[PDB]
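In case you want the letters, here they are:
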Amino acid sequence: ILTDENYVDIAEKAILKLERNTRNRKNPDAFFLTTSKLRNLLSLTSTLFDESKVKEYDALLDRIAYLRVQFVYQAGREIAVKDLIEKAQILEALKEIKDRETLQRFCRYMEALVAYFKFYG
Amino acid sequence: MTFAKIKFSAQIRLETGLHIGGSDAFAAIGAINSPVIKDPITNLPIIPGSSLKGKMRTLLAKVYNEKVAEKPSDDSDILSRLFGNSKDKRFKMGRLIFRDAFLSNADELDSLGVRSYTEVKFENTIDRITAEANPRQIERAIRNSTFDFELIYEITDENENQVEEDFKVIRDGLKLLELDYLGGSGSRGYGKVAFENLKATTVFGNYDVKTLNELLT
Amino acid sequence: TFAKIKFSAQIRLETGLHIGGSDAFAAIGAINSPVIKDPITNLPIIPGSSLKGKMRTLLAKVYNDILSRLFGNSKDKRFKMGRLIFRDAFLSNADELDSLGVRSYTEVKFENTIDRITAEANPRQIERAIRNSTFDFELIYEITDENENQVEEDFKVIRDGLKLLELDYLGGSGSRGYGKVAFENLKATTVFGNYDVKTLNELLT
Amino acid sequence: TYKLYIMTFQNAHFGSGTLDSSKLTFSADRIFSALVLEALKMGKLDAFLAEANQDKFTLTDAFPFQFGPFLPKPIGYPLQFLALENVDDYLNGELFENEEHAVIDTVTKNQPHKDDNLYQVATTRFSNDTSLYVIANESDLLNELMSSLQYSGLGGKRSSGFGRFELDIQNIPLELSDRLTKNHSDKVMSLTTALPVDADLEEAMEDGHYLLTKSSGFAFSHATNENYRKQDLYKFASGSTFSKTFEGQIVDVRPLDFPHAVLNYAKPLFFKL
Amino acid sequence: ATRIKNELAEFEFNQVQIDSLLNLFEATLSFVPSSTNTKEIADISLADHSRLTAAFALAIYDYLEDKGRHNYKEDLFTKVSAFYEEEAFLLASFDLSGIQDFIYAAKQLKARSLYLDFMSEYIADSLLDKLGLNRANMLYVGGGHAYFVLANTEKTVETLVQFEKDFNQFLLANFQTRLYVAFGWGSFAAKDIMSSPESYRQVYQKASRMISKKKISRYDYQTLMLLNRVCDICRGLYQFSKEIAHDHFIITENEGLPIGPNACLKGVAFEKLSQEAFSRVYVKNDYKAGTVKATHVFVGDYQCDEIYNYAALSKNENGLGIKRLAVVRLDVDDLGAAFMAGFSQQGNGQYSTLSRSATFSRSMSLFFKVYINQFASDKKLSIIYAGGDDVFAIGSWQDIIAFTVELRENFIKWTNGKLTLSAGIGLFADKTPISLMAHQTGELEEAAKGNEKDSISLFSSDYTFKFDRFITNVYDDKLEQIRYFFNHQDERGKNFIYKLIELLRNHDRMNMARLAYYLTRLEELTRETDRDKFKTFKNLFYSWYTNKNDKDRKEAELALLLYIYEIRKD
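Residue numbers (PDB author numbering), protein chains in the order written: chain C, 3 to 123; chain E, 1 to 217; chain F, 2 to 65, 77 to 217; chain G, 2 to 79, 103 to 297; chain A, 153 to 256, 265 to 355, 359 to 392, 418 to 758.
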């Protein structure tokens with residue numbers, strides 16, 4: 003669940019909760035998760051954040067239903083994304099998306115995830 | 001009864017849909033870097049009359065000046081009466097009123113099956129040395145979109161020849177927007193406005209626009 | 002025979018308007034021209050001076077007297093403060109703009125000044141009201157002993173000055189947008205005295 | 002004397018000397034000139050002058066009315105306005121706030137063709153509950169003229185919006201109406217801008233705590249074709265306290281060689297304390 | 153002592169030279185101490201002990217010579233101390249009411273304020289001339305208030321009432337209730353000052372009660388009866429605004445600018461010797477004190493350039509800066525409390541002498557009306573008026589902010605804290621009024637008063653910082669670290685600064701993450717030679733962005749506003 007006063011803090015704590023590379027210390031504390039894997043998921047949360055401000059929530063919901071599909075598939079293959087949807091719980095934040103403000107709160111939550119994934123590099 | 005006011009009305013059709021830029025605010029993270037200007041009540045693209053007026057004034061400034069002007073104040077009197085002039089006292093308050101342009105075929109684009117009314121143009125730049133790419137996302141209006149253009153012209157008792165003299169200038173300035181661009185990032189697409197159904201009618205009466213609607217072919 | 006026959010209409014902005022302000026300190030990225038507003042409600046207003054002057058300058062283009081007895085003159089002893097009281101116009105549809113989703117009652121239009129060669133731009137942020145705002149417009153005309161021969165003629169000037177204000181801009185940065193306005197529901201009603209309003213409501217609408 | 006005359010304004014302009022400065026309240030000068038001009042606009046100037054020259058006719062200045070009546074601060078005994109409950113509480117010694125009844129804000133205006141007319145008008149925008157209430161002798165003539173005034177505005181720069189109000193004619197609270205006199209002899213306060221006739225100027229100037237206001241300006245007229253300035257008089261402000269009541273006058277402040285009379289209501293109305 | 157021997161020894165000791173010896177003492181003996189023994193006083197100077205002694209000595213001589221008994225002078229003074237316990241010594245005072253609203265085409269406003277300052281001098285001088293006194297029967301002057309020490313004879317109170325009536329009907333004849341002088345006085349015994360801590364304020368209470376009573380009950384009877392039935421003096425103020433640049437000011441019978449009944453005021457240079465009655469020499473008071481009949485005045489100076497050029501300046505030598513007038517209005521916080529209650533803290537048996545109040549008023553008039561001309565030495569501004577109650581200084585904005593900072597720091601070195609000042613610094617384009625301007629920065633100084641009354645509001649109704657945090661945490665800490673970044677790198681410019689100003693101005697919880705992403709994203713884009721210096725700026729900016737206390741965020745926003753102001757081209 004995402005309140006409007008904690009979701010950036012949840013996203014920061016979850017990016018710090020991503021387990022890191024204990025293997026070779028050529029720049030250690032890197033992630034198993036790569037930027038492109040996470041950024042393909044922001045690539046489709048941030049084109050619903052654009053359309054939500056223009057369209058209506060009853061006109062977007064095929065895309066909003068497909069967000070769960072793509073987050074489950076991308077966290078199938080390549081388990082370092084399964085790590086992220088467990089630590090930064092997405093599939094439970096996606097079932098509770100019934101309002102357009104809740105939709106945009108989830109999209110900005112995903113942006114906070116990528117912001118702190120880039121910050122802690 | 002020498003005071004009239006006519007309405008040049010037309011349809012702005014787009015080709016290479018235009019990016020009249022909106023806020024330069026901080027893009028979200030992966031959202032649109034540069035958006036278009038939007039109507040706040042329907043969230044559809046508009047074309048402001050400031051953008052039309054300024055673009056048409058700089059285009060007509062290349063045809064009708066006889067000398068290069070450093071300011072809009074230093075324009076010729078055949079443009080300073082139409083688009084106004086702050087410094088010349090006769091040419092304050094005149095003469096054209098460029099109303100904003102709003103979508104006229106939202107339902108026709110709905111029947112054409114398009115999802116949005118703004119496409120998003122994904123672009124990048126390649127650094128000359130090192131060949132790195134830096135991406136861009138630009139909202140622009142979709143291609144066959146159409147905007148109601150109205151261009152109120154005032155006719156005061158003073159002119160008596162300048163009315164048919166200025167109609168030629170307005171028609172030429174609408175012909176130069178079709179060859180140049182509008183708003184946009186025009187050297188890279190983004191322009192190519194067509195004007196269809198050019199017709200004028202006196203919305204404040206007692207003037208004959210028969211010869212001008214003949215003059216607009 | 003003293004009557005006050007108040008006109009009441011709805012100013013629907015068909016393009017968002019910018020009636021000025023007072024020059025104050027503007028920061029770097031802040032608004033370079035905010036709208037005039039209510040200090041206690043922080044909503045866009047339309048001042049009555051900005052309809053009186055606008056309608057008066059529009060009717061001075063048509064009628065050359078007829079104009080001085082509606083808008084006053086400090087000379088001409090019979091027409092000093094003549095026959096019309098304007099009023100500030102406040103947002104009538106503040107809730108109808110909350111219904112269809114609108115965050116703020118003002119939009120901010122970004123804008124620039126490409127300066128002929130060098131061709132360097134020069135931006136600008138001006139604040140507008142939005143283009144379904146509707147303002148509660150009133151206009152009090154007065155009947156007296158001197159009126160009664162010229163009452164009918166003073167409605168073919170008020171109605172004509174509203175028809176002119178339709179096809180002109182209203183209050184501010186028009187001639188490049190910014191002022192288009194529609195008058196909804198022109199009706200006249202006596203709020204003091206006795207006068208038949210049915211004869212001019214036929215001539216209205 | 003008789004009922005209050007609650008006046009809800011929403012952007013009035015009560016200029017004090019200059020166009021650039023509004024003063025949140027209007028003296029009995031302005032409401033009496035307003036009633037005289039609205040009686041001249043109708044056919045009933047002479048009836049209103051016959052009522053006004055009569056002794057029982059009262060007008061007082063305007064004071065704020067957020068939920069209860071306010072009163073001017075009695076000068077010198079221990103602000104500018106007091107609640108009607110808090111007058112005796114103030115006079116024995118207490119402290120209050122000068123509550124924000126309105127925002128006095130200036131607006132820049134111009135005349136665009138002239139290129140030298142760039143003026144400012146200060147507006148007292150009231151605060152959604154405050155009204156002003158002159159106290160007066162109730163009459164059908166007076167309510168007729170006052171309900172005519174509410175569609176004609178009050179103050180300055182009206183015909184540009186400023187000053188148009190609406191009426192509520194309410195009865196006086198019974199702890200106020202005990203204290204409204206004109207002939208009491210001990211420790212009384214003027215709640216209107218008055219001026220004593222010369223027999224009482226001595227007794228008012230000796231034992232009186234007061235303020236001077238300069239009532240000047242132009243004389244509005246439909247019969248002169250140019251505008252002449254009035255005779256610039258000085259008068260005792262509201263809240264001025266005295267040894268006892270005095271008898272005031274309607275001052276003729278007409279210009280020199282002028283057709284009609286330019287009057288000025290300076291008859292008093294008093295509050296006991 | 154050689155200075156005293158040099159200017160003193162050739163002396164006439166007439167009443168004409170009775171004036172310049174006080175100016176000589178306040179020039180020289182003013183910073184040497186008095187009796188200097190380790191006892192409680194240790195504070196008042198020699199030039200003030202001697203001044204106050206001359207005050208009491210002339211008051212004694214007038215009380216004794218108008219009581220008539222003087223056989224002996226010794227018979228009541230040296231042999232008994234019963235002289236202390238009776239009411240001699242009326243402390244007179246007045247108040248020039250309406251001074252502030254009289255002041256409000266901007267050098268003319270300086271001339272108008274200085275006109276009121278010379279009226280507040282000439283009232284004191286002529287009131288002491290009607291008596292058998294001179295100056296140094298005087299205390300506090302300046303602003304409107306002044307305080308005196310007089311005899312407590314009947315002669316003194318009837319000439320006080322007569323002089324009050326005469327000068328107020330003068331003010332009716334020229335100024336018509338916009339100005340009003342109200343003399344009030346309290347008779348205090350000699351043992352009331354000897355010590359006692361409460362009866363001294365009771366003496367000031369009696370005085371100010373009479374001043375307030377005459378302030379409420381302004382006029383005589385027939386002075387209102389007679390009263391109720418291109419320009420004359422504005423032509424005078426125009427000519428005085430021309431003559432404002434001089435130093436010598438002369439009291440003539442009929443020259444122009446009436447400042448009293450049978451009085452006129454003219455500003456002259458050393459082309460002079462035309463029928464003087466006083467010479468108001470300007471702030472110099474030693475080198476200007478070469479002519480006789482020289483009363484010093486402490487006001488005024490430093491109009492550098494005319495006001496229509498202060499925004500067309502700032503125009504630095506590098507050629508970049510924003511064309512902005514600015515204006516300061518700074519005032520002392522808690523000053524009316526200070527004059528009569530500052531000495532109330534150290535000891536319930538408070539120090540609070542007549543002499544300490546005199547020296548404190550002299551210190552404030554010596555700071556705000558003299559030394560400010562040296563804190564405005566080469567700073568492109570013009571000080572329009574300055575009294576401590578208010579200091580109003582238009583100018584060009586970098587040196588306006590520098591002037592305000594130097595004035596506050598020099599003030600607190602002058603006073604060691606315990607008394608502070610608060611300021612509002614507006615910022616305006618050129619060709620604007622000075623009524624709108626003064627009113628808007630008055631609103632800024634009032635928003636600064638509302639904060640903690642030790643505060644500066646630059647430019648706006650927010651941005652009201654405490655003054656110490658503005659000095660030692662905006663100029664000396666944040667803006668130097670911004671200037672040191674953006675002038676030692678080429679790749680980041682104005683656009684980075686504008687996008688940081690926006691994130692400072694919005695500041696959601698999300699904008700912390702968005703600013704984090706932005707700064708880390710611009711780490712990598714730097715040349716790897718400037719990536720370390722950009723990383724240091726990244727850490728400083730993120731650290732004073734995510735600081736929860738909201739001090740370092742609006743301070744950083746103002747530092748970025750000032751920095752992007754001072755680097756703008758045309």
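Keep in mind that the hints are not guaranteed to be accurate.
As the list claims (entries may be wrong) - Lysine-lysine pairs mimicking DSS-like chemistry, simulated, CA-CA at most 27 Å apart:
no., chain 1, residue 1, chain 2, residue 2
1, F, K5, G, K4
2, A, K231, E, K87
3, F, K92, G, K4
4, E, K87, G, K138
5, C, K57, E, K121
Unchecked claim - So, partial list: chain E residues that the calculated Cβ filter (under 7 Å) puts toward chain C:
no., residue
6, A27
7, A28
8, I29
9, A31
10, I32
11, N43
Worth flagging that the hints you see were computed from the coordinates, not collected in a lab. Cβ atoms here follow ideal geometry from the backbone N, Cα and C, with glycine treated the same way.
Status of each hint after checking the structure:
1. F:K5 with G:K4: Holds, at about 26 Å.
2. A:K231 with E:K87: violated, 90 Å
3. F:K92 with G:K4: violated, 34 Å
4. E:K87 with G:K138: Distance ~13 Å between E:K87 and G:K138 Cα, so the pair holds.
5. C:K57 with E:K121: holds, 19 Å
6. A27: With Cβ-Cβ at 9 Å, over 7 Å, it is violated.
7. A28: holds, 6 Å
8. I29: Cβ of E:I29 sits 4 Å from chain C, so the hint holds.
9. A31: holds, 5 Å
10. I32: holds, 6 Å
11. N43: Since the shortest Cβ distance to chain C is 4 Å, the answer is holds.
Figure legend: structure checked against the earlier numbered hints; hints not met, in rising order: 2, 3, 6.
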